[PDB]
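Coming up is one lone chain in C-alpha cells, specifically the form solved without the named molecule.
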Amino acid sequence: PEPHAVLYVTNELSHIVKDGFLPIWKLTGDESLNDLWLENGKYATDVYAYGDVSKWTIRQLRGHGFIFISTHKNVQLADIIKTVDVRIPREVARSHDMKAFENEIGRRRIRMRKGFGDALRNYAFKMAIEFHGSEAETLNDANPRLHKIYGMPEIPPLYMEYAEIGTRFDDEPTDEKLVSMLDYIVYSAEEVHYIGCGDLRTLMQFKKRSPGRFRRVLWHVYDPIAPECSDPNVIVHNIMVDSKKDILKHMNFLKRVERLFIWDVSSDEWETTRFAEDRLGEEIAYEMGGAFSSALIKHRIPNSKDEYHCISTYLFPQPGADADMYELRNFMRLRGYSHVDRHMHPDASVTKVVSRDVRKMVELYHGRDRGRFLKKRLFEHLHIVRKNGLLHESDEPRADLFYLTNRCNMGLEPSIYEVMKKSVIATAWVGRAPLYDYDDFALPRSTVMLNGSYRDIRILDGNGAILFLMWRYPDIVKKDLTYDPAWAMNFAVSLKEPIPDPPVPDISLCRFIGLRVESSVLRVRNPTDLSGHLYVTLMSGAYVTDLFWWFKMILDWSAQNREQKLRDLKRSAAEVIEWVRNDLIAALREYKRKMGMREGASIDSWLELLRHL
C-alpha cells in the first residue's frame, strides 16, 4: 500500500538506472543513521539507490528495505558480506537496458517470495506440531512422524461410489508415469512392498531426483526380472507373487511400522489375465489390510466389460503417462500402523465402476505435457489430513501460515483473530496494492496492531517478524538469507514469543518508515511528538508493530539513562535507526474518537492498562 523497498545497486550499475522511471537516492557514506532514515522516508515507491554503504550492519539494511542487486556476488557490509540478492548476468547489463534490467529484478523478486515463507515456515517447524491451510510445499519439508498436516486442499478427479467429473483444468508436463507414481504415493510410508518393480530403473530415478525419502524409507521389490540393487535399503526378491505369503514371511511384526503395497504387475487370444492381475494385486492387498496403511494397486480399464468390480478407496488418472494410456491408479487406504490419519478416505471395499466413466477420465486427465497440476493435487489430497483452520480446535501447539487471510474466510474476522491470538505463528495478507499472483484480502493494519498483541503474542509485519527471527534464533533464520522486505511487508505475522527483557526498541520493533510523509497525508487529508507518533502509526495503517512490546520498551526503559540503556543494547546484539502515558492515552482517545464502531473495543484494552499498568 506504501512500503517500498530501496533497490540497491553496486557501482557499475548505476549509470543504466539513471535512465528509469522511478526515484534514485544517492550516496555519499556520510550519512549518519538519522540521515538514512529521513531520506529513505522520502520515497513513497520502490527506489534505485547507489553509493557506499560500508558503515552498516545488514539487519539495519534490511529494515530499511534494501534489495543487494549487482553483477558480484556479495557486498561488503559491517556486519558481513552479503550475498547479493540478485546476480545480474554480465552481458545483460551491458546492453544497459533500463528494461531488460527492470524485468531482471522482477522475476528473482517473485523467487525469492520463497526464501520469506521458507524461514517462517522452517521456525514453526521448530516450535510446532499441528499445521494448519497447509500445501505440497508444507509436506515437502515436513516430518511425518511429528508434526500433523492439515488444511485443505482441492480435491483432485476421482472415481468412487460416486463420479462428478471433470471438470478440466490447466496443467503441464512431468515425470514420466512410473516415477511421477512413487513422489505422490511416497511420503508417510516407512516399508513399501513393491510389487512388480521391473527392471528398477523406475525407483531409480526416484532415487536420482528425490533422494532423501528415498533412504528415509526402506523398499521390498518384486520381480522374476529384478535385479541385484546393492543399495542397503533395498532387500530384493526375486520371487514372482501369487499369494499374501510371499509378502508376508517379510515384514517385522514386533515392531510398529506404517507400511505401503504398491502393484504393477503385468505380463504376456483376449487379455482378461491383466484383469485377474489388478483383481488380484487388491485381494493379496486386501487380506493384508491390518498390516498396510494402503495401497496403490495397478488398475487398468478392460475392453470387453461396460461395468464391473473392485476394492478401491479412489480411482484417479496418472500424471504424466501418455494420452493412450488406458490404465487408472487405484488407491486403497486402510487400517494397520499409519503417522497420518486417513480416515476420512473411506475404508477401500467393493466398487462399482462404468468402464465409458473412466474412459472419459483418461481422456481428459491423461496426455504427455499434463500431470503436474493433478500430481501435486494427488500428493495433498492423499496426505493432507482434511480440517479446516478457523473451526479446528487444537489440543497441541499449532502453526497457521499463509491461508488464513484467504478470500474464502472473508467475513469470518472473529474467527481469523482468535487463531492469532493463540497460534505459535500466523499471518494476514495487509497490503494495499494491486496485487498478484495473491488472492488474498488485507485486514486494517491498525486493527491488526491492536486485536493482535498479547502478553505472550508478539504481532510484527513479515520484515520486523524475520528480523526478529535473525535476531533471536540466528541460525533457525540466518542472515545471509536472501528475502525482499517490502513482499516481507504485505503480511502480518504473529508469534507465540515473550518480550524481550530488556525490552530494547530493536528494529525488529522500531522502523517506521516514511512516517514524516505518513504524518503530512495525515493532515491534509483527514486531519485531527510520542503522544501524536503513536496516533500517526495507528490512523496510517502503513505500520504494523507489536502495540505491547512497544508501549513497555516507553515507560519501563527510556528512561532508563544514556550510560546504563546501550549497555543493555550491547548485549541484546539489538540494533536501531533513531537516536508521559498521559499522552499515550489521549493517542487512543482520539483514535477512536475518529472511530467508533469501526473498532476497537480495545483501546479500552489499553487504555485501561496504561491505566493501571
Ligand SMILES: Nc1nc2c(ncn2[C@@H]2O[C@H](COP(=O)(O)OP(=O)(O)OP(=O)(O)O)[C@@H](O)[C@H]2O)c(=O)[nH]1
Second form
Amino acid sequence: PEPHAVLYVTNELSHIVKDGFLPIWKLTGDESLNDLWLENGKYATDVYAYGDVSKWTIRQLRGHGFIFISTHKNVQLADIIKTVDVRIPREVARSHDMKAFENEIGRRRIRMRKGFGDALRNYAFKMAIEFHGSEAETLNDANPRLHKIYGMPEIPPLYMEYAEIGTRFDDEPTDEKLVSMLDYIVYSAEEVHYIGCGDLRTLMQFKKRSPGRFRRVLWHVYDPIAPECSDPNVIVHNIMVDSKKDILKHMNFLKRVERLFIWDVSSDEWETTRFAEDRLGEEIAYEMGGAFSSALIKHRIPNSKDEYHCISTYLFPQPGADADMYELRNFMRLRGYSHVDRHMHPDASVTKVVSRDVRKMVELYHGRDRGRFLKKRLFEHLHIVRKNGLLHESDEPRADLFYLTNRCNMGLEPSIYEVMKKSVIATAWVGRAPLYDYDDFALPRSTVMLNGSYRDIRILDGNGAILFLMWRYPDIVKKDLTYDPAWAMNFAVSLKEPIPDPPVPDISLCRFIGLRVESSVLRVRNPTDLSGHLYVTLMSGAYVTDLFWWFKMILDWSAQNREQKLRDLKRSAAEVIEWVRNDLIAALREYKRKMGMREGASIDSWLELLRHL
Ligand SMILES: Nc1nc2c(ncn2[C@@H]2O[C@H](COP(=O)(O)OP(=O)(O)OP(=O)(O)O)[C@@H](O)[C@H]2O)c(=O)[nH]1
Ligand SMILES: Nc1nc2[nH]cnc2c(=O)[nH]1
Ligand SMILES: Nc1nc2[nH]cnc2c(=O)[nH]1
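Can you give me the structure for the form deposited with the named molecule bound, which would complement the form solved without the named molecule we have just seen?
Below: every chain and molecule of the assembly, starting with the one above.
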C-alpha cells in the first residue's frame, strides 16, 4: 500500500545509487532518534540510505524498514553484528550498472519471503497442533507424530472409478523415477517394507538427498541381490517374496507403528508375468491391510489387455519418469495404525481400468523433464487431510497461516475474523499495491485493527509481528534473521498472546512511519494531538497495530513517570522510536461518523470499553 523499505547500502556501494530514480536518504551519524522517525516518514516508495548507523540497534533498524545491502558479509550495529541481507557479488558491483544492481536487489528480496514465513511457521510449530491451508512446505517441517496438518491442496492426475483427465499443466524435471518415488511416499511411515529393492542405489540416493526422514524410518528391504548395508536403520533380507509369511516374521506386533509396504518386483514369449507380479504385490498387501497403513505397488500397463482389474485406491503417473516409460504407481490406502487420518482416500478395492486411458496418463504427464510439480501434488494429496479452514471446528490449538485471504475466500470475511479470534497465529493480506506473484485480496486495515484485537489477541502487521517474537522469543526468532520488512508489512498477523505487563510501548507496537505525511494527505483529500493521532492511523488504513495493548499503555502507563517508566522499559528489555481517556472516545466517534456500515460495530465495542475500561 504505502510501507517501504529503507534500502541501506554500505559505503563502497553509495555512488551508483545516486544515478537511480528512487529517493536517496543521506546520513550523518548524528541524527538523534526522533530525527530518523521524522525523516524516514517522507518517503512513499522504497529508499536508498548510506552513512553511519553504529548508534542504533537492529530491532530499531528493522522497525524503520531497513534492508542491508553491502558487498561485505556484515555491518557493525549497536545491538549486534548483523548478517547483510543482500550480498552484492564482487563482479556485479563493480561494474557499476545501476540496473544489474537493482535487479540483484529484487531477486534476493524475493528469496527473503521464505525467511519471514519460516519465522511465523516456526513459532506456530512450537505453539500449535492443527495447521490449515497447508502445503508441502508445512508438511516438510512438521512432526507428523504430533502436528495435524490440513488444507485443500490442488489434486494431481488420478485414475479410478472415475478418471476425469486431464487437463495438462506446465512442469519441470526432477529426481530420477525411483528416488522421486520415495520422495512422495515417505512422510509419516515409521517402518518401510520395500520389496525388490535391488542394488540399493535408489535407497542410498534417497539417504544422500533426504537424510532426515531416511534416518527416522526403519527399512526392511527385500531382494536376493540386495547388497550388505552397514546402516543400522537398514535391516536387509536376501529372501525372495512370494507370500505375506515372508514379511510377517519381520514385524513387531506388541508395539504400534505406521508401516508402509512398497512393491517393485520384476523378473527377467509374452509377459503375463510382469502382470501376476504387480497383482501378487497387491494380493499380499491386501492380506496385510490391517498391519500396513498403505502400499505403493508397481503398475506396468499391459499391451495385450484392453481393460483389466486390480485392487487399488489410486493410480497415478510417476515424476522423473521417462516419456516412453509405460508404468504407473498404484496406491492402496489400508487400515492399520497411522499418524495421518487418511480415510478421505477410499479403502483399496477392485478397480476396472481401461488401458487406453491409463495409456493417456503416461502420454500427458511422463517426461524426463517433467515431474517437479507432480511430485509436490502427490506429496500433499497423500499426506494432508482434506479439510476446509473456515468450516473446521477444532478441539486443539490451531495455526492458520497464508491461506486465509486467498481469492477462493472472497466475500467470506466474517468466517475469517472468526478464525483470527481464536487462532494461535494466523495472517491476512492487507497490501494495497499492484501486487505481483501473489493472489490474495486485502482486508481494510482499520477493519482488521478494530475487529482483531481481543483480550488474548495481539493484532500486529507482519513487521511488528516479527519484532514481537524477537522481543519475547529470542530463540524462536533470532535477532539476525534475514527478512523483508516492507513485505512483512503486507500482512496482518494475529497471535494468541497476552498484553505485556507492564504494557511498555515497544517497537513491535509503536512504529507509525510517515504518519505526518499520512495525516496531511487525509486532510487534502477527505478532511474533518494524541486524539488526531489515533484517528489518523485508522483513517489512513496504512497501518495495522494492536488497539488493545496500545490503549493499555496510553492510560495505565504514559504517564506514569519520566522516572518510574524506564525503569519498566529496561527490564522489559524493550526499545522504542519516539520520545486523555476522552480524546480517544471522540476519535472513535469521528471515525465512525465518516463510516457507518463499512464497519463499525465495534467501534461501539471499543467505545463501551473506554467509558468503562
Ligand atoms: N507397456 C506398454 N508398452 C507400450 C505400449 N505401446 C507401446 N509400447 C512400447 O513397448 C515397450 C514396452 O514393452 P517391453 O518390450 O515388454 O518393455 P518393458 O517391460 O515395458 O520395459 P523396458 O525393457 O525398460 O522397455 C516400450 O518401448 C513402449 O514404448 C503400451 O500400450 N503398453
Ligand atoms: N513471505 C512469505 N513466506 C512464505 N513461506 C511460505 N509461503 C509464504 C508466503 O506466501 N510469503
Ligand atoms: N516428494 C516431495 N515433494 C516435495 N515438494 C516439496 N517438498 C517436497 C518433499 O519433501 N518431498
